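Given chain 1, work out where chains 1', 7, 2, 2', 3, 3' and 3'' should sit, using these hints.
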Amino acid sequence: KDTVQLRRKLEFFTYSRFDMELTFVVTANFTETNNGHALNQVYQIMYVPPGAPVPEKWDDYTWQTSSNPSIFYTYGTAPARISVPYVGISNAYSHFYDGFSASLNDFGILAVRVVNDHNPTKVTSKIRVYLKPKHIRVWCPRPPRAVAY
Amino acid sequence: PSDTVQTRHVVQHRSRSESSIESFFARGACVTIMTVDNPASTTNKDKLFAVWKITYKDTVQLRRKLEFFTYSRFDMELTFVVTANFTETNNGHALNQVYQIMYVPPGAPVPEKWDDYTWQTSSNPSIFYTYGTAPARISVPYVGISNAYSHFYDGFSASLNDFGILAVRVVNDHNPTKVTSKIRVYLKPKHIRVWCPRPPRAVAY
Amino acid sequence: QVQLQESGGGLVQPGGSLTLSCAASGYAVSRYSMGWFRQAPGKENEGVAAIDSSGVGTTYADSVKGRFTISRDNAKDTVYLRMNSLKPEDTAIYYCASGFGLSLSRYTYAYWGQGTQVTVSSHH
Amino acid sequence: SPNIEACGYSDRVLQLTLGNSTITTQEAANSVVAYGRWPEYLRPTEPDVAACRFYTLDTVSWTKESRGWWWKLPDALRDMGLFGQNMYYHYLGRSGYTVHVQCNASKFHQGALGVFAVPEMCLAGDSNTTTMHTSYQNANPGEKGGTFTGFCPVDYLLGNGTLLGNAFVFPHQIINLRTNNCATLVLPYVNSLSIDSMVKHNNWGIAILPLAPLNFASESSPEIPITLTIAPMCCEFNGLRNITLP
Amino acid sequence: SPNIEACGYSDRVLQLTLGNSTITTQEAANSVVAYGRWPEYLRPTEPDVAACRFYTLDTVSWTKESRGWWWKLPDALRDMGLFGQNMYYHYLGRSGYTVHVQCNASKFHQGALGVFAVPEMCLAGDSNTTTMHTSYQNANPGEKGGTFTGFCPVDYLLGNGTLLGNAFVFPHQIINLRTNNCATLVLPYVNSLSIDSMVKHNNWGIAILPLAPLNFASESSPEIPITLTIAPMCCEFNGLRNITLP
Amino acid sequence: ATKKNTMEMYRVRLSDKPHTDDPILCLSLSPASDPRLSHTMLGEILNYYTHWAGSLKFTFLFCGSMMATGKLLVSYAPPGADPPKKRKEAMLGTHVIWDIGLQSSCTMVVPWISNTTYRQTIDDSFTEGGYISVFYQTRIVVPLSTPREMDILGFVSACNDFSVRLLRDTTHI
Amino acid sequence: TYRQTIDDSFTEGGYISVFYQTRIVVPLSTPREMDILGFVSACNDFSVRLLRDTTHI
Amino acid sequence: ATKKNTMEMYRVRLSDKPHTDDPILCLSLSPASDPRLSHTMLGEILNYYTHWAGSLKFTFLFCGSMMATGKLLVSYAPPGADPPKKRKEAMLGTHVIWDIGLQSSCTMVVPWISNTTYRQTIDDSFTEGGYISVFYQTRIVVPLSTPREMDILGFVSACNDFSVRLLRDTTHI
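Protein chains in written order, with the entry's author numbering: chain 1, 113 to 213, 232 to 279; chain 1', 57 to 213, 232 to 279; chain 7, 1 to 124; chain 2, 1 to 43, 53 to 159, 174 to 269; chain 2', 1 to 43, 53 to 159, 174 to 269; chain 3, 59 to 231; chain 3', 175 to 231; chain 3'', 59 to 231. A prime marks a further copy of an entry chain.
Here chain 1 stands alone, though its shape is the one from the complex:
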């Protein structure tokens, strides 16, 4: 729902099932204008299955999770990738749900943080997320949403 490109494309149908592949191109750089240094960093990316506790403080127990899948990505290598299969509670993801109880479907939540401790030279990093729906199947075909979202 956040990005348009993928949205309209998915809206051409009413129902769908799709094994979801995610890719994580992680890029960094130093903030402050200083010749400060750093060792290569390791980021932890967490996929949390739909209907679980969403992590707040970077601290808290919910970051250990004996169950939630995680990916430790060392910087400066090929981007990370995990495939979360059809995690729908129904028989298809409802693109346009009619009726009452918007929480469309809930494909989960992603949490990313640095694992390394507090470095004197503060390092910013942007985590780009890519989504290739694979083995996709669709149902009732609606007219395309013409306007702006």
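None of these hints come from the bench; they were simulated from the model.
All residues carry an ideal CB built from backbone N, CA and C; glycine is no exception.
A couple of the hints might just be wrong.
[What the hints assert, rightly or not] On the chain 2' side, residues computed to face chain 2 include the following (Cβ under 7 Å):
no.: 1; residue: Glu-5
no.: 2; residue: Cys-7
no.: 3; residue: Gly-8
no.: 4; residue: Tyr-9
no.: 5; residue: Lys-73
[Said to hold, decoys possible] Dumping the calculated BS3-like pairs for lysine-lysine here, alpha-carbon to alpha-carbon at most 30 Å:
no.: 6; chain 1: 3; residue 1: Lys-146; chain 2: 7; residue 2: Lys-76
no.: 7; chain 1: 3; residue 1: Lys-75; chain 2: 7; residue 2: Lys-76
no.: 8; chain 1: 3; residue 1: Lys-75; chain 2: 7; residue 2: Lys-43
no.: 9; chain 1: 7; residue 1: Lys-65; chain 2: 3; residue 2: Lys-61
no.: 10; chain 1: 1; residue 1: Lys-264; chain 2: 3; residue 2: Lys-61
no.: 11; chain 1: 2; residue 1: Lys-153; chain 2: 2'; residue 2: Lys-153
no.: 12; chain 1: 3''; residue 1: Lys-75; chain 2: 2; residue 2: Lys-73
no.: 13; chain 1: 1; residue 1: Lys-262; chain 2: 1; residue 2: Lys-121
no.: 14; chain 1: 2; residue 1: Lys-223; chain 2: 3; residue 2: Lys-115
no.: 15; chain 1: 1'; residue 1: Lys-113; chain 2: 3; residue 2: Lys-146
no.: 16; chain 1: 3''; residue 1: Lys-62; chain 2: 1'; residue 2: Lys-121
no.: 17; chain 1: 2'; residue 1: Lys-73; chain 2: 3; residue 2: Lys-144
no.: 18; chain 1: 7; residue 1: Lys-65; chain 2: 3; residue 2: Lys-75
no.: 19; chain 1: 2; residue 1: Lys-223; chain 2: 3; residue 2: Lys-146
no.: 20; chain 1: 3; residue 1: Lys-115; chain 2: 7; residue 2: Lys-43
no.: 21; chain 1: 7; residue 1: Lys-87; chain 2: 3; residue 2: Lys-115
no.: 22; chain 1: 2; residue 1: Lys-223; chain 2: 7; residue 2: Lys-65
no.: 23; chain 1: 3; residue 1: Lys-61; chain 2: 1'; residue 2: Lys-109
no.: 24; chain 1: 3; residue 1: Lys-146; chain 2: 2; residue 2: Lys-153
no.: 25; chain 1: 3; residue 1: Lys-75; chain 2: 2; residue 2: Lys-223
no.: 26; chain 1: 3; residue 1: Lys-144; chain 2: 7; residue 2: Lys-65
no.: 27; chain 1: 3''; residue 1: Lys-129; chain 2: 2; residue 2: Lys-73
no.: 28; chain 1: 2'; residue 1: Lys-73; chain 2: 3; residue 2: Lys-61
no.: 29; chain 1: 2; residue 1: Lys-153; chain 2: 3; residue 2: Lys-62
no.: 30; chain 1: 7; residue 1: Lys-87; chain 2: 3; residue 2: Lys-146
no.: 31; chain 1: 2; residue 1: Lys-153; chain 2: 2'; residue 2: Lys-116
no.: 32; chain 1: 2; residue 1: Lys-73; chain 2: 1'; residue 2: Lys-121
no.: 33; chain 1: 2; residue 1: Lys-116; chain 2: 3''; residue 2: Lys-144
no.: 34; chain 1: 1; residue 1: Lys-121; chain 2: 1; residue 2: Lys-264
no.: 35; chain 1: 2; residue 1: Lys-73; chain 2: 3''; residue 2: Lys-143
no.: 36; chain 1: 3; residue 1: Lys-75; chain 2: 1; residue 2: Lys-256
no.: 37; chain 1: 2'; residue 1: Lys-116; chain 2: 2; residue 2: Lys-223
no.: 38; chain 1: 3; residue 1: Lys-62; chain 2: 2'; residue 2: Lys-73
no.: 39; chain 1: 3; residue 1: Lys-144; chain 2: 3; residue 2: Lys-62
no.: 40; chain 1: 1; residue 1: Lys-113; chain 2: 1; residue 2: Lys-264
Positioned in the frame of chain 1, the structure of chains 1', 7, 2, 2', 3, 3' and 3'' alone reads:
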């Protein structure tokens, strides 16, 4: 006759049917006494509801008997002999009352205020018992999360097993003449099977 | 490359309440828990304080506890360790690291700080 | 219950070599299977003869004042090579034990050492409204083992509020000096579940109490020793986890 | 890579008598063939069992401060009877090696000795524009062998600018005290040519580094020893030259 | 800081500390988005591609005084879910209760429970894959007075079903 | 295997509950409040035991 | 007094006393009418019924210095008849002359010589059943200077033909 060799024993069984596991525990025993009421008065103590956590641990009779083993599986039958009477010394009257008894499966929300949503429960089983008829009965099968109920659990994480919770309240509204009622609960474990046999707890519990 | 710049490390004197701070480069704080480890002079490294800013789950060392306070920013992405009531044993070289984590343990950490020594020594 | 009369002295020395380990049993005969059930496989990862070899715990000394001793399984064996690793590197683990307690003394020593294997042996804390109580460490002595007394288990109550004279309901053998030197106990995997978390829950409790006191002729060895040899039988675990190197 | 679990202790003693030599191996099982290739014959003069017998190098001592050790082949064996002669009396020589490193300690010692056999192991000299550098003698320690450090090879870089944590790409076995005492490595003849000048070019490099540190219980032997036994496998040379008597 | 770049960056020391549920080691199975798995041989090859599929297996060779015993709990938490912080938590996900006393080498094969058909080798997002986690199930038990702090080693490798695609690179000066 | 017919305890059995899924829709102007009836009965597998009674004056 | 409730309530000590015909132990085989047989497992089950039939067997495991020898006389006197006080007396009723030196464990199966088809588990009357009695047939002989006072243990159990009826109980507060 008078013989002392060293055989095995002497002969073969001689009938022991009533001593079998099924017939050992096939006797219902009180497990608790839940007191309710229908106060027109704001008695936020007894306030209609009364919740009791389903544990054998409260009564001795059933306890020792169950302790003779370490593990067990048992389909649990419950009976509800409900008795009432008027409190205040007054010639006040009442229509026959209907009590709602709720069995709540282990690991669910435990009801507090007699009010709250958790009293509607689209899932939790309930029994509406009209007064003055044969006592109510429901059978909750082996509701263990393991392969047996652990009478004596060794190790770390006392919440022995959790057989659920019972909540009872009056359904009728506030009657001018306040009526107290005691809900006796009986528990006949049926189809019972047991495992490792420990020595009996000798002392007081 | 994730950068954690360890700043706020200077000489205090038995009872000091100094503060340390580290920025988060390459990643968002909540993606990694954040901690500290001290190399006691001639000793092995000991875990001191660690929390994940995601939901803020506080955890301290046995000695350190109560006195020191680990707090995290998600706007500037910084960890602020308020090292209150500093004592003579606490004369060690600190290091800020991002974990997973969510607490004190030699391993379980990814990116490490450069180095900074907070000397807890009363001198003239 | 254990009313046997092998021979008396010694006949043959049959040695049990399982992998790298080698015990030389007094004989080998006079073995008691707990409840008559052998340790089988869950009906996983099977580390076989690598994780199925004899580890020997600390040999404790039986003296005239000894009130007893007790151990926990797997616990005791948590510091033993491969089986110890497989215990800390998995979340699941079911494994039986061949507790072979041997005790040597002269034909001039008298006494009776009964080995009681208690399934789920929780130790002394009349706190029904709360068992476990005594901390993990106070509950897990490990290889060294804990001791009974006249973290405080009362011997006559088997350290659990049940008279030792009834203890004989559990699987057991009485090493009665004048008879056998050896005692053999094979305990199959007993737990409420199919497989379990070995680090947390203690499947068994080997407790060696003194039934008869020790009495050595005039002047001899003031104390004799008792050895515990245990071996994991048909061990399985699921599933490794980041060989979390220490 | 070498994730094996023979038995643990000791089972059988099988002795390897090849000619005049006689080793009594811990057992014999748990042997790793390098790349799965046996030393064959060039597809010459074959001195067989005369030049195919076990020569044993100097036994080096592993102590708490030991950074490691490394040898060169044939080099090490240049001072060993027949094979040594055949090395200095020919211009051609191809011969494999059965490096059998044995290490004995008690059930009270802990540690991990990994034996990495590196083909063409040039040692530390980031001088790409020029390898070899360190003189023949500084490069050929012989039977005594050279040592790693924290003629200066840096241990974590396997003494060649490549992290030891990757070293496991070469043929190797980890003698992990609690497991096997023995380590077996058969290295077939590897070289750019068919046969070569043994005196000049070093076909192999046996490097024994310490993966885990040594830790002996309370007080014991402050240091244990490691032995290298090597034997030329399917040795051929061409062609004698004026038995240049020294 | 001190142990990186030195040969101690491989010795995982089981200390003489308490039963703190904080794992004794948590490895993020996010190849490039986690600095540790990028220096392995398996990691090096994954710096020459963009995608990877298949399983990765973890081995743990315990190097502790023969006689010494104990039980550790190697656990894995599937993609997305937060790294397990308490024993019990981890104990519910895929885990092996590895016995020190019995078998020295512990293997745990982490499967291929992935959304797409090919996962990334770039730090665009922290798509947290798995979490290899090791906990103190019991604790270490040592005979007599043998050193109470011994070490462990970890080995990672690919499985026969492991594959890569799109040849890319990064070489510098 | 057998449940009670006494008010000793409120062993809440089942709960027959009726809710408005949609709502009632009426044609034209027909009375907007109509009624329903409920009938309860035993099934062929229904049984009883221990003959007791209670008759008064 | 002192030995009840302590762990010594099981050690039967053969003293260094004379050949006094007063038995070295007499056990009344009257389950509830005799305090000793009511704390046994076999006794515990008999506190949950009213009737019992079948045989009960007695075992005696001697725990005396291997080399040590002697002969004891375990005797049983059928219901009603007064407990035998002198050796000779007991020696005429059902008795086994158990040899210390030969076999360590002695078994004596007490039969079911009962009037009715089911005997009581209540102290209404003291319907004296059997009398397990142990006497010094010879005396204990000890080699050299080994402790002259060693102990014995007694074990009681039911036989395959043992049965109970009428489920009753008694639980208190």
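Requested in this report: Please name the hints from earlier in the document that this structure breaks, with their numbers sorted from lowest to highest.
Outcome: Failing hints, ascending: 5, 6, 7, 10, 11, 17, 20, 21, 23, 29, 30, 32, 33, 35 and 36.
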